[PDB]
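So this first bit is one chain, no partners, the form solved without this ligand, shown in structure tokens.
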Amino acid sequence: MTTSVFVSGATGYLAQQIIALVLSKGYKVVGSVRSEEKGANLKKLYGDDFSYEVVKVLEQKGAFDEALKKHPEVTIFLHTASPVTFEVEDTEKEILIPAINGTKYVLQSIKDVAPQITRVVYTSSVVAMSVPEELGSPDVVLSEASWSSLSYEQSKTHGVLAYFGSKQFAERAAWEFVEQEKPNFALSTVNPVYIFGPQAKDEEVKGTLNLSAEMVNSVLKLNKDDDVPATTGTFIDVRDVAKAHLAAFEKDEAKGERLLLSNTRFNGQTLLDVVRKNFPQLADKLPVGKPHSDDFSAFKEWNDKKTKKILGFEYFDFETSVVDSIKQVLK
């Protein structure tokens, strides 16, 4: 009485949608944020059931020790935070190692300081399951068993491969920790694809008119002469990813599982067609392309049947997710 959930990286896009849902379920949340001011801001948004602790360097050894000691009422840990960066100076030092080590140290801290925690959900990614070329191939079927074959070496060589590799090796480290250190908690992971959808709080749409569904605000900043963005892949709505995190710690079936969070396929045309129909006023400063020339019928469906069975709910569709994102930005 009652149940308190720890959410790392509480200011995050997906993190706040998680927090919103979890609070709606009557849970309490203890969020980690990078500064007192970030904490105060969430507290104003979320109310009495929300509290926070300040953890500046999440990848540092023993980083979460103090915040965990101060909260023995915490029995669930949602590890959603991932390293904030830009400067591709040394990918190893600044991306690979922090992600790996950070995952180790956070789990190590839960064992050392929070033995009452019974469930840990690690937010991973589909990039842990595959390589960029395979993500766009119609012959590829990913499942909960899929692991990226990207090597450590090649994962150093570029910003994108670095982000791919960091998520792969971090998630491998998490499972390895469960195998080796045998903690009191059951681990599960959520592995989302391209995330679309509105933010949890209107007050957080800032800077004004910018979309956290990043692929969306990329097309919104188009000129009526630009090409159609050739980006493509599968999408999932942030509220669905949020609902998967809840299931990931509430349901017994989710223990020791990886949950592939992936809905339908899209490209730039798919996005344009939706934006243009639902927001006509924006169409004169947008390109037309070739409406509905997007044809994904040859792509084999990914195997997420296990995940869908565990979750037991139906997903938001592409248009609804996109329309909700934009509708909120326009308020």
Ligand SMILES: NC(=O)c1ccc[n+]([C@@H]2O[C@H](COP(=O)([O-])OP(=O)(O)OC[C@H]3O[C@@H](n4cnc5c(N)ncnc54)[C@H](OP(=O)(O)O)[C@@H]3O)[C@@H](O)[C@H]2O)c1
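Having seen the form solved without this ligand, please provide the structure of the form deposited with this ligand bound.
Chain alone follows, minus partners and molecules.
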């Protein structure tokens, strides 16, 4: 009787938080995974309202055809699967193509075989809206209208620029598909910054230590003689990203929208100060730097007012998000 929701890349960090949230709202879920045992693991963790299908390669035409044919009860599709790595041999084969062609072929499969799908949400990224130097700029104001100027030729040259390109061009292709093919579904994208926060299941706190979360987790591996990490940027809590995905398919207002998911700026000093205050027993094992020397008052606030009005909830603050990540890891 209830609606089923399809989530590509269900093994992932964001994807599992999305899955745990939608299951809690009464939805069923069907998740895609690159292998059978990967499916089997998730089933044990999430229970009866979760099914999976093995889709090993995104960059094949009709890759999701069989999976979708087997699940007519699915009316919602959340495409989150994407290479999220900066380190590869071929930027193209390992990052650009599976993102760009993966995305094109999923939308085509939905149109071909799942005409009952009314909503599709694509997980994009702030990298689709800018170039590396602009993000760390204090005179740059990003908005839902922002598009990266990074060219495809330049995106190939190395790993970080490939990831920037992958998101920008996959998302473009997504909006171009909607314009050109005129599908039954309405499209919306979620564009987050660095994603922090606890993993969905404690049992998953062991391997595949995902890039973004690890930027918090790595602090615990410092020792008192190490330098303050130089990591800096803007954050959003994984649980807020999940709620945005939910709003991205439940709210009429979210149709045809890009949603910029960005909260506050932080650097390595912000991180150490939070961890040191909340986990005093680790203070002797950690560097000190210059507590509260961090100052972001010169940075123009990004324009996410539209996203904030559509979402209609308040975000987890940096300390809570970081605190909950470390709590779980220590547990």
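Numbering follows the first chain given and starts at 1. Here the rigid core means the biggest group of C-alpha atoms that line up within 1.5 Å when the two forms are laid on top of each other.
In a superposition on the rigid core, which residue from 139, 133, 179, 87 has a CA displacement reaching 2 Å or more between the two forms? C-alpha shift of at least 2 Å: 87.
Determine, after fitting the two forms on their core, whether residue 210 shows a C-alpha shift of 2 Å or more between the two forms. Yes, the C-alpha moves 2 Å or more.
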